[PDB]
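Quick one: this structure, given as structure tokens, is what I'll be asking you about.
Partial complex: the chains shown occupy the same locations as in the complete assembly.
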Amino acid sequence: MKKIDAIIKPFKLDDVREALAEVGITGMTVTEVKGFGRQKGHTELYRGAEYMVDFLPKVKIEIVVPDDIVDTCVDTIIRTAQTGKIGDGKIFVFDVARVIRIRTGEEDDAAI
Amino acid sequence: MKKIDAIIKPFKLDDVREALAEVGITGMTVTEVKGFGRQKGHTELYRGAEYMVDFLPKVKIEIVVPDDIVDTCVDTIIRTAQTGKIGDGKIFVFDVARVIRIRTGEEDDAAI
């Protein structure tokens, strides 16, 4: 099993969510975060202006899925989140050591 | 050492926090997130209604602990967070490569 983190433009959240539901994902956690970096019209992190602000609101999606559906998840996220413009974001994949269901105390095989 | 992420129902935060303090945990970071998925009365992610909203507020707890107390932490989280109902959440465990104390620049043995 793997944890997939995706930092996307907020307006694409519903499309990504709909598409991920189609592939069979049953749970997703979403965090609102501030992104600093790649932005149209700018060339730098830290402009350090007095009244201007350098951040852009972003949405971080986290799903934990079986190894075999990782590529299907990655492919569907890119397809539904990509605009071809600056700031589309990135997908990071991480190995998970254990996955425990709180309701029953039962573990999922973290190697699937 | 391992990083433990737990996504729990918000009302259980104080109980989980109290119980974790008893076992000796001295620090915890908490993020408010939106959960999509398993919910009483529903059968799907993405209902895509115009006025209804599909998310439920959740609380994500992150602690970084020694390998030997991971099971004690997992067991105490389940005990204090479990309701036996839909949406209790999950616990994910991740390996940590390095842990650095900012105040002193000193590292903890990430293998403990």
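Descriptive notes on the structure:
A and B label the chains in the order they appear, each numbered from 1.
The rule is simple: a residue touches a chain if its C-beta (ideal position, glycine included) is under 8 Å from a C-beta of that chain, and two chains touch if they have at least 3 such contacts.
Shown here are 2 copies of a single protein sequence; counted across the entire complex in this file, the number of copies is 3.
The rule is short, and it goes like this: only the chains that are shown with their structure count from here on.
By the touch criterion stated above, subunit B contacts subunit A in their complex at residues 2, 6-8, 31, 33-38, 44-46, 48, 55, 58, 60, 74, 77-78, 81-86, 88-95. Only residues 3, 14, 17-18, 20-21, 25-31, 64, 94-103, 105 of subunit A touch subunit B when the two sit together in their complex.
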